[PDB]
Amino acid sequence: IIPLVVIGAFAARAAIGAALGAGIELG
Amino acid sequence: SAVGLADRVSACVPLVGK
Amino acid sequence: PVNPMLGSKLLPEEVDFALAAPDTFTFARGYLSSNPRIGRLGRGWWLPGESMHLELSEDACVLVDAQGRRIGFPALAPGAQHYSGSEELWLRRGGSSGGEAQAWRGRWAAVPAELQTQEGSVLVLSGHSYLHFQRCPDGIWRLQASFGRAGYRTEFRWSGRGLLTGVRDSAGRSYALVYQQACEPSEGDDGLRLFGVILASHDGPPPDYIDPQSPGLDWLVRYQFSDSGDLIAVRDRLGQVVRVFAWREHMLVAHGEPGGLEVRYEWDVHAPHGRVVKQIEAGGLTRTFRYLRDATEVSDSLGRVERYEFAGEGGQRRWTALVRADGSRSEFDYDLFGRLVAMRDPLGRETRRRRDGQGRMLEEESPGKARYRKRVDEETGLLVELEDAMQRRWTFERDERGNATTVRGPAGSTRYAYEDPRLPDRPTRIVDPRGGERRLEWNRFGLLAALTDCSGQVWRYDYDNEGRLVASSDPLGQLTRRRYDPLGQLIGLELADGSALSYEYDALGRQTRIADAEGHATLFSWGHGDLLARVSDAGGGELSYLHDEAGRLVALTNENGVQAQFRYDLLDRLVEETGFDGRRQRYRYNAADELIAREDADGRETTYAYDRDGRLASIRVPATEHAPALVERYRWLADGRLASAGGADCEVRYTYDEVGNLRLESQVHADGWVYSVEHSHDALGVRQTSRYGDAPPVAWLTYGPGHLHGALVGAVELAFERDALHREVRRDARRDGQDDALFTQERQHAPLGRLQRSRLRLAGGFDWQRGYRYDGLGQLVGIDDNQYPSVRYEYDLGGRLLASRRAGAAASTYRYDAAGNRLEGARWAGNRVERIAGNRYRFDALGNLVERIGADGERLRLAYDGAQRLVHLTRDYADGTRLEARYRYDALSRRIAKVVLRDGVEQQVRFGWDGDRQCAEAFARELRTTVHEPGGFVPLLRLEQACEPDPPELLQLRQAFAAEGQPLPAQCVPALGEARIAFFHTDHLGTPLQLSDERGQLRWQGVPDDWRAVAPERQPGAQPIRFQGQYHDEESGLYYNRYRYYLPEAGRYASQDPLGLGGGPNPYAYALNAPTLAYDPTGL
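Residue numbers (the entry's author numbering), protein chains in the order written: chain C, 1169 to 1195; chain A, 30 to 47; chain B, 48 to 872, 910 to 1168.
Some clues are possibly wrong.
Here chain C is said to cover these stretches of chain B; the calculated rule only asks that three of the stretch's residues, wherever they fall, bring their Cβ under 8 Å from a Cβ of chain C [claimed, not checked]:
1) 553-565
2) 824-835
3) 1150-1162
Calculated from the structure, these hints are not laboratory results. We put the beta carbon where it would ideally sit given N, CA and C, even for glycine.
Model the full structure from these sequences, guided by the hints.
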């Protein structure tokens, strides 16, 4: 997709796997 | 077959709605 | 939900609380209307302790299920066993029939020895959990403990009147249950109801007496009851009500939550045998149920009617067929035990399940005849042998407790050790097939406390009293802390670099805000349930979502206020999609919900075909004005791996080894040119050697789980040094015959893996020191460089690059609209930027760029096929000079050739590929091989070989070996010259900025640029790699990504994203409009 190597706002595993809103809309 | 046969089928499936 | 076969209302188990433990004690409650037993939550509810009931008589044994289903067995003599094939339940009573007592073996070895000789004890084995029922002095069998095969016991404590007063889970916590008189006693009901559960203590014995009215208690859950004893409210760990129920004669007629969900029910008769006749959902669908002799028709508020068909009576009734809203009919077949053995989709494809023995299943057969055998031990009932569709077998060896000590797969054997006395099922030592050994440590909650990898680096984890992760330590000692509210929701995430995230939730537990320490946050608005309604980012942009009664997204509004429409058929399948620019696509499906046709905005229809397993088999791309109709055929292996991808111009064949690793990938072009990439793998499926066509083989030196520490190409050896996090910190290159290293590249990393400093020292004297600066968001806000001018970056609140200020130069300011479209110098509705950088852009009906006119008069025409792939372009310069280029692609949309016609002279360049990475550029008299770093698109080194066209007999030999899927022998290689090796020296993003030869000198140097990735140069063919995965086309000036073409002068792609809305709201945006932070390697 669009990997953000430096930015950890959304590409970081901790920052994206801990978001319930973004982790529940996937399916 | 006759051993451990319930008198009613489980309601797990199918399910409709919420 | 409502079970149309029976007409009853079922509420599946809802976990009120589940504190972490080796065997977590989940306090799950469920409701079934047909259940007539009046429990501690009213009629129809089941709770822990009162879920499963056991009755033993002199003539029969009855095991009442959680749902109240009476499973009948013959008389259970002491020591006897009973198996329920239909229910997969094992019952064994303790004691002996009179003979010599023997220790229980097989599936009964996990029970304690004292329980085996107790005549008044019965063990129930439901799956992997053992239930201990003990007969009490009043003659009622009630659950005493629920232990697994590892011995984690969940004691249940009963008192007088048969009340479950206390529960002690496997982690030592003590739970106290409080009962109060809620209604007057009647027949079959004493009136006592469970008014809540108290976490009495976390360790040690529970207090002897607990006063329910005493303040300061820890109420994990609380319940409210009406005057009739029906459960009307459920309260969370706090005082907040989270569930509300309404009852008519002890029948659930309305359930929901405060806000969010509200469902009402209507019954033909208010009794346990009554059936739901109408299910009204607030803001959703109202369903009406009509019950026939052997079918149930479920009408809908949208007019859809679904028919559920069933056969049999009593407990043997099974759901046999399903006729959907459009008449599609799915059928199910059952064996004599009621287990599912066949399943036919609406197209007629049948999935079989052959069962044998007491394991209930041994083989499943796909419609494409793909068998997944699964052998289970006859005595212990545990998995022993597993075989997939390619006849690859996994063999499990187990110890006395059923723990898989060794797992023997197609690639070596993995060995497990269980050396923790407290937790005999947690592995404390894992040895991979390659031989690397990992060590694990566990705490009293059964959670991972320390992980030591193969290299000896230790990851540590910390938990609170309730088993929630609150601190993580990496091998470098960087802490990642977490904060939780009493409800257990994550409200704070402090990262290793000091950046802290804070989360907010509504009453329903849905996430509503994600904020940083800076202050700017993203807001979430929700509609009904988990249906997102609005997302507002830090920059003020909003994505509004509109849903219909069926919960289907019918409109999407982007930041510019432009709507994208969606339409659906009776099966909730997208049949029409209008984009933000008016591009309308229509879809067609067969009976099995498979996309078989897709009409696009220009009226051209693409038809799809599938094999028996549902995988894509062929795509019939329609003919366009500049390309003929083409058929792309795909063939798959039984396990789902791609075997071939045929097209009109290329035939890609994939060959796999006995393990499934991609061993050979051969690409045979239509004109006979063959390019093959061969790999060798270790026991972990990590590439060890790679041969890219006729280039010299590349040997990868890896340790542990594939961490690269060396590379060998020809006479050149690369060496990598890594830190405790296995991040590269030093890189060397040495050539045989030279004492000194060709270059040394040292790197320093920020706590979150961000590159902080880098220093490159070539042997020729080129010194490149680069220092990186980041802000609180992790955005690169500055680069200190001694070879190139230092640059300072500015970003808006939305994360887009606003300006870049090189030292001693004018700033390059960029302006965007709401949606993220660059504005030269209001908005671009439809996301089609028709004027930027002094150029006029013209798009076709499908959004592809078909015309670019510059200020000087330069004209660039683009032509596409029916797959939206650029197949022909014409470029006219201001000097009245023309240029024509044609491109060829394989079935995977990878550009395999480039034919550029200029002044009547035709030059052809062929490209070889290694998966998604382009690794060859076959010119007329030169083969240029690019080797990328493993597992990424960062170029590592380049190989150049002088070559000549292959003789006709050699081409036939190459095609022969390609057909059989075997690599060409090294003795038949052509007369290629000695390979010249050059090394890529990339920046933080993997964009090559320098190119060094075998003597440490510089061959190519590129000045960094914001959107072009490199300042324009006279000869872009000397080094065509820009960004990651982009190839600079010299003839047109476009950057070829994997799937699309990128406009360097516009900072956007020339065509819409093939993924559509899946890629993002803007189909043309590149790298989130932050080319200094992100990249698109596959162009998606």
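Right, here's what the structure says about each hint:
1. 553-565: Our answer is that it holds, as 6 residues pass the Cβ test (under 8 Å) against chain C, meeting three.
2. 824-835: With 4 residues closer than 8 Å to chain C, the segment 824-835 of chain B meets the three-residue bar; holds.
3. 1150-1162: Per the Cβ count (5), the hint holds.
When each numbered hint is compared with the structure, no violation occurs for any of them.
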